[PDB]
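Consider the single chain below, provided in structure tokens and representing the form deposited without the named molecule.
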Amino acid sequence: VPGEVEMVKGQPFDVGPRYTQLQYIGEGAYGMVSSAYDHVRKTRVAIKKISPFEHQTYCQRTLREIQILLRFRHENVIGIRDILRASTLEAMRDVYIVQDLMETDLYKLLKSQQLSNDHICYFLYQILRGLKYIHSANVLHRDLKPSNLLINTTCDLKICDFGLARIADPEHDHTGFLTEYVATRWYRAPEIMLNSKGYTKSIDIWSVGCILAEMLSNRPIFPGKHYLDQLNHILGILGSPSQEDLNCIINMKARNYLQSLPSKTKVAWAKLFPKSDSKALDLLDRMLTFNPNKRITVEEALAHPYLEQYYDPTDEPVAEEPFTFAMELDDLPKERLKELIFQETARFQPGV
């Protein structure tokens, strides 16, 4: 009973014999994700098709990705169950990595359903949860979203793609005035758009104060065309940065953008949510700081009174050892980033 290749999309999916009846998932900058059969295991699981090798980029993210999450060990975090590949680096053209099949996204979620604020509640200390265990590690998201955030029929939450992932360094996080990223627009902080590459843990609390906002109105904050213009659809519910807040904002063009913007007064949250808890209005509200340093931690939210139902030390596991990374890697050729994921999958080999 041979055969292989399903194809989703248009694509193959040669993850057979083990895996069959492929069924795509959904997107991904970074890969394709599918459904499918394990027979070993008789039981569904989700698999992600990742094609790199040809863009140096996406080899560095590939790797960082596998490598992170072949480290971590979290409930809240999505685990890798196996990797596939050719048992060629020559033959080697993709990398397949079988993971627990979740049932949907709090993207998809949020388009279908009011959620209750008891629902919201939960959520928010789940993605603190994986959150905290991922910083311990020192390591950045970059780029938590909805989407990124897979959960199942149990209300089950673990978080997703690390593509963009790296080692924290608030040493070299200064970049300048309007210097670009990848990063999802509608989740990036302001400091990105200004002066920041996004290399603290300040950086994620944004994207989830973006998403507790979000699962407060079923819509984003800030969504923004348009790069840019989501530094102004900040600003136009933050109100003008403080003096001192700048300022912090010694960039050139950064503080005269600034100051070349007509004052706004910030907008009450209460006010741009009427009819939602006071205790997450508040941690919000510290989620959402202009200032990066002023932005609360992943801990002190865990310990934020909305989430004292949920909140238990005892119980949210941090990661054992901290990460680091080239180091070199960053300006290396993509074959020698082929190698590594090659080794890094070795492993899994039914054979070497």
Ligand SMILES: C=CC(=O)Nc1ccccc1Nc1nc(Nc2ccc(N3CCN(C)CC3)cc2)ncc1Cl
Given for the second form:
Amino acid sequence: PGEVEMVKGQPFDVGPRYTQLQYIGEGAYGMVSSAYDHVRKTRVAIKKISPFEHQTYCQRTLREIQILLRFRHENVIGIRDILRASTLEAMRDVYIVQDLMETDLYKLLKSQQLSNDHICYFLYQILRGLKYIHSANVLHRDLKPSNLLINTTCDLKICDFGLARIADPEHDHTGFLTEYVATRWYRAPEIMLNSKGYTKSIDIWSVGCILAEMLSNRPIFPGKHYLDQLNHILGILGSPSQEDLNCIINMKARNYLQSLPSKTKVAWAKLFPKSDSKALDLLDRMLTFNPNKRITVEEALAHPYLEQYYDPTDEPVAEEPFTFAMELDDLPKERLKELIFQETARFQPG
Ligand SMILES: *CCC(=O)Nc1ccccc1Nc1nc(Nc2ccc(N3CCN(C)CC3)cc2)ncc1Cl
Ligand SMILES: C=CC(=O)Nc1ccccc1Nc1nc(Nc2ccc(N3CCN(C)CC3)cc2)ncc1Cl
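Please show me the structure of the same protein in the form solved in complex with the named molecule, now that we have looked at it in the form deposited without the named molecule.
To see the whole picture, the full complex is given below, headed by that same chain.
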């Protein structure tokens, strides 16, 4: 009693309110457990984050905490509680308490073919969530099936906001083949050509890839390495039009694109011969090569595919947009640590 429960050889020091911990899964500097909450008498998810040796991990922890404490929406995961030591020097890790969900879309797509009904309704919930996120000018930037939690009543919640940023269209440009952090398979084509992923179109692309994946139970663009990802995308979308090329003036990007043999766009109905044609039309508009011609989240919700669920009076938006200065990303990790201490203060003490 009063012990420190181990999860996979890692102490999870969340007693006495939270006990009976079981492993759920891991990310790069994070481990998630389920636990019993003795105060609310229910099982919860607890994420242990140990970020304070790396500036980039600190950036991501603060970013996710600042965003999720300020968001409240049915299709976005909430923060219920945060535990950390009483003093800054003692604080070596942070525990984020969240609603325990049954599964993720990744798991579900590995285990079963979805009906059209389920595909449609998951897509709607993803877009409903994303409307709220984008209404605060926040970009998720890492939407994929494993970042979509699902419970036993088919409720879906978006999670993992560690790579989120504010839409910043004035500084989106970068060079050809610039390094990128988000999961390769869900990266839009422009990430590899001229874009830092600072506009809302990059989340729409990822949602397109998720729809494709829900229709066929496999990733649509599974690149084996950075450039291969672009090549997979162009293999299906075909040779960009001249109008779309003329929006790219990075010389190396254009010359790469212009070196490829001519190829016409593959008909979605040929890749997805047994899918609803309305779903394929929406997929077409989400996976457009040119980010400027890609459908917006509002337009996607209004699309005929989602018509059984579409209800703009029941699709709320955030109070107010958010701002995060570029200079945050240059703060020493000791300063990020103090901001995480501050942001988590309102949940003290145990
Ligand atoms: C939301 C992003 C994130 O933290 N994802 C993640 C990754 C691994 C483990 C847990 C987890 N987060 C949460 N999980 C749940 N519920 C839940 C998710 C996944 C499973 N399975 C474990 C094995 N695979 C990772 C998928 C199936 C079970 C339960 N609830 C809340 C959070 Cl934050
Ligand atoms: C939109 C573009 C597209 O997908 N078109 C295309 C059409 C046919 C085959 C491949 C491709 N594209 C790719 N091809 C390459 N490299 C490559 C270079 C030359 C050739 N030739 C050599 C001689 N030529 C006469 C025919 C084949 C083949 C492949 N890398 C990446 C890709 Cl994505």
